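The chain below stands alone and is given as structure tokens, in the form solved without the partner chain.
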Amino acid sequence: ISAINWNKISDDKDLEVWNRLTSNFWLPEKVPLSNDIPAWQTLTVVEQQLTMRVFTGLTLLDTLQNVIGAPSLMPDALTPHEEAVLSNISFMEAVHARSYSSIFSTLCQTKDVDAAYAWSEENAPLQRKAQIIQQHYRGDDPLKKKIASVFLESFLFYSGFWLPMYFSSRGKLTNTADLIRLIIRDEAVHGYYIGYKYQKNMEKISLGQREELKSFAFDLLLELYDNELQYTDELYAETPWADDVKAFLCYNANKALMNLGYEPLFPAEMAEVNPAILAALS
């Protein structure tokens, strides 16, 4: 163990991402969530239940990435500066997870929040995606860990992120949406950075293993995608939104792939996102 030296950077990307993530620091207390109480009251009981179920699912994934995901990447870091960036990523995942509790406390009845947590424990597609990602994090293959991480950061959140963006486009839960945009601002850099590191590590490996990994990445994404369609159907069943969410999934699946340096899987016909959703995202 040696004292880290930030004036001897071996990969400029490490410093760029360190700077981006740390200068994007936020806490849920900085968002005036309580201003969403009136809009919350205008939602139907079905819409309110959907929101709490969505948010507990996102909490699980952030908790996973904090406790297991980002720490699992640490032994595989190329530089000590990357190790430090990973410590920031792990901490900001805890901030993400915590922020869902801030929303629940501000807007929701505890009996309903507890029901949503229980629903998430029993939800098959949610538990399946958590299981699949965990298996790779706990595995011995550092490159498969990074693929799974990018799929978590750049794809697996987005069936959930869709909803506050939709509400935002309707002028509802705009403060919650501002908070979610802060989470997304982090996740997008996380997926980009880990994807970048995947590609850097791939430079060292054989032509055969590169092909095995590309095939693995596509098969895994297809499996997570199929599972995510089921998760979406079970969440969004009493709404007319399932098709919109699905297109949003395809759109973000293509971004996850590009972060790993791969071509899009889903054609434009499947990844067409309503301009109001895109606008709310910005």
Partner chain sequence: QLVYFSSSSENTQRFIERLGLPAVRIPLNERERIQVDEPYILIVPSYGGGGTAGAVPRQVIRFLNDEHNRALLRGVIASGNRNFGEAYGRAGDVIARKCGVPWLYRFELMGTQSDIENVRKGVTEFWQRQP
Given for the second form:
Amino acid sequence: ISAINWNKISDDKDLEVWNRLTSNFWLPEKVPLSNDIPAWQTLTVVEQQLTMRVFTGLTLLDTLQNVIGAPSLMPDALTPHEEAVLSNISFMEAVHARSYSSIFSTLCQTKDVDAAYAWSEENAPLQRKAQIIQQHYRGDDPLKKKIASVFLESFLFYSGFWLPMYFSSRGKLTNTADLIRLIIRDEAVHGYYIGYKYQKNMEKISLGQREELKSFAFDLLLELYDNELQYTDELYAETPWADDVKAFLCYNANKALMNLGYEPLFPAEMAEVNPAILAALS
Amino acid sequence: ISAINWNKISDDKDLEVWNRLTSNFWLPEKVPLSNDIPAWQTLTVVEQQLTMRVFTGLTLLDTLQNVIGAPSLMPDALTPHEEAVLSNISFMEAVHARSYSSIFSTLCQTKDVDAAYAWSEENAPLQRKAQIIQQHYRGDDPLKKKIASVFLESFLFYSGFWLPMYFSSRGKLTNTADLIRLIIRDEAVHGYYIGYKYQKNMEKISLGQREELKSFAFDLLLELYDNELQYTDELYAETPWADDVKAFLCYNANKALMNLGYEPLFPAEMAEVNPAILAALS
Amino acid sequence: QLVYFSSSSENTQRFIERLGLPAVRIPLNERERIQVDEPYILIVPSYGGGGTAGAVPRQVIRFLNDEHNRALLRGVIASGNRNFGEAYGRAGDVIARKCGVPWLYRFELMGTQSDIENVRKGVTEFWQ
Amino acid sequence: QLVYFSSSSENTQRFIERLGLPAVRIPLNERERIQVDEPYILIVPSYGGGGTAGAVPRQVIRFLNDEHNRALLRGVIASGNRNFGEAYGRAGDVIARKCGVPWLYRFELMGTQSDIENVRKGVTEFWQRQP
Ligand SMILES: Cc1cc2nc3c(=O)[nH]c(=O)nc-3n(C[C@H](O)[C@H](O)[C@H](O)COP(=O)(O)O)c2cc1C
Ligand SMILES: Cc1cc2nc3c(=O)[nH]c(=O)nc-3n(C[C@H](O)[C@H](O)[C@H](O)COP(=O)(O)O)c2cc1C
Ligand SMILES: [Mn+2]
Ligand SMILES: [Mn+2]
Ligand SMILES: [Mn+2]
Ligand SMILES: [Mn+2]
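Could you present the same protein in the form solved in complex with the partner chain, rather than the form solved without the partner chain shown above?
Next comes the full complex, and the chain you just saw is listed first.
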């Protein structure tokens, strides 16, 4: 092992991303979540149940990102600085996961939280998604790991992220929304960086191997997409919001593809997002 | 993979240490290192060379901690919360290593820095120390990894940490000293938690195995100690300071032992630190 | 005409390639510089802040504080990511105010077919 | 007599063991509370800040703000780690200022042999100068 030297950067992007991610450090304690309690009370039982089921699902997936996802990328690092950035990314996945417990602690009743956790264990789409992603992380193909990671958090998570953005547009749970925006800001950069490194890795494989991987990426995408539509149906069952969530998924799927250097797949008509949701993002 | 729940803590220490470590987050950019330039310019060439050799040595070892050390503990975690804490620890080792480059960039000449890295590469005691520690991290005994980790950073690092504390006692390199105190504050908690977990792990094994680990630990301590006296001799050879460095080493060795649940071994005579160095800590 | 910058990640480059309109790239290499002779719209990504804090890349600053180049600027399009919130497309905003030219459009990453279509239409109508 | 607190990590417990003097432990379980009958020195580790944000463990706060126990407090010894800088042994400073008793000693982790000898001598002499 050789001493890392941050004054001998091989790829400028490593330093750029190191600096962006570390200077954006946050903890859920920094968000005044207790100011959401009155808003939480005004939500219907069905909305409350939805919120807890959404966040227990995200907890599983952020735990996967912390324990297996980010570490699985470390042996495939091109530079020592990338390895260091991946250490940050992994730790921030633990922060993301922890933050959902922060929401539960502040706003929710233990028994209901535990029921939402139980519902998540039993939900077939959620578990299939975790299984598919984990399978690629445990595989022997470094490039497929990067594809899976970008798909999970620049695309799949947005079935969950839709909800706090919706509440934000209605002026409800604005603090939980601010918390989620911090996570989304991290994940935008994670997806960018991992997708960037994906494209760097691809430069060193044959043209034929690239076309093969392109086909795989769109296959995996559509498999995960089909699964996420079902997850969305079951999550948003007692609301009229499913179609809107699905449009938001297509919009995010397109960005995840762009992170990897591929052109958007879903046409404007499938990816037309409620302007108030977009405004909630920015 | 199970979804992590921070509202179902199995061991309160996991949450205490998570809180302490994350609430203590820092980056080298937060310390005004550039304000040490006047002080640096007043140092003798001997002192400057020594400073650079100290930090290149620490850089190597903090890199080892990030890339191999902390991750090597992850599969042996007793709780999911410990896994998450270990992710923070790994990231902060990256921050520790990075911060030495921050020092070099701010204060030093590139040619001199590169010569110090070369000196470290060719320094036998340093390389022997790095070899011994990573041998244990690559072994199949989880308990010996924890011993080695505690000995490295609650003990061996202090041959290096002595120097900024000394400079601090004289009113020189005070900002660099401030930065080192942030590292030291982290390592105090790292050593405490890893040593705590070591003792938790030992509750599960036979008396015979506990006595074997005790004998191994004290023999490892003495092996590493004797090697460190040689490193100290070579590092501080152009100064009158070796004896004070060594006393500070014995003082910290006692703390490392106590982190593991063992009584201090070094008598008062050997661990009598100059009050000004102790004052530099607190 | 169009002037643009794209970093080593090439998102803005891919937008330009798919736009299909003639355009000149501000060199990635910071030591190289370019000049333009006719009026242009500038397309720039946002980068607040991986160690510089500024949302405008250094290469674009060096391009803009050439008097000849600055005088021929007429409008700015910004790329970035909505997930940056209030900072989405911030580079266009900074340039818009500093130079006193309109901030014309905002798009994400390499741009959708809608973005390509919108810019194509916007550019033609602007110069007329 | 001596009263002490030690968390589940038991560094302060290990100190009390080696000290060799009779002592009572403030229960680890926050719901359990104890009453003392005689004058005592309190020995407590510093914990700013993980499970409370504050320097003094909740159990010790609970023990002290029972004025029966507080009235019998005669001095405080704090443990911790020098590497915490200005916060080293903070619990002792906080308890001393709040309760109006002297901060007698400050040690690290399970204590050195010197700490044991110093505290043995210090305590014996303290009760000699006590009513
Ligand atoms: C370190 C960093 C900081 C960024 N900051 C912003 C920002 O503040 N606002 C924004 O809209 N996009 C931001 N982005 C997103 C980029 O502008 C976006 O990915 C763009 O497509 C990059 O274009 P390029 O590949 O041609 O350089 C940031 C990206 C990085 C890597
Ligand atoms: C979360 C946490 C915070 C701590 N804060 C301080 C502190 O502020 N000052 C100090 O001297 N020691 C501090 N310590 C060190 C402990 O006081 C020290 O390890 C002590 O020996 C623990 O005693 P115990 O095992 O009996 O509970 C802290 C330890 C932890 C785990
Ligand atoms: Mn995440
Ligand atoms: Mn991520
Ligand atoms: Mn370290
Ligand atoms: Mn450490």
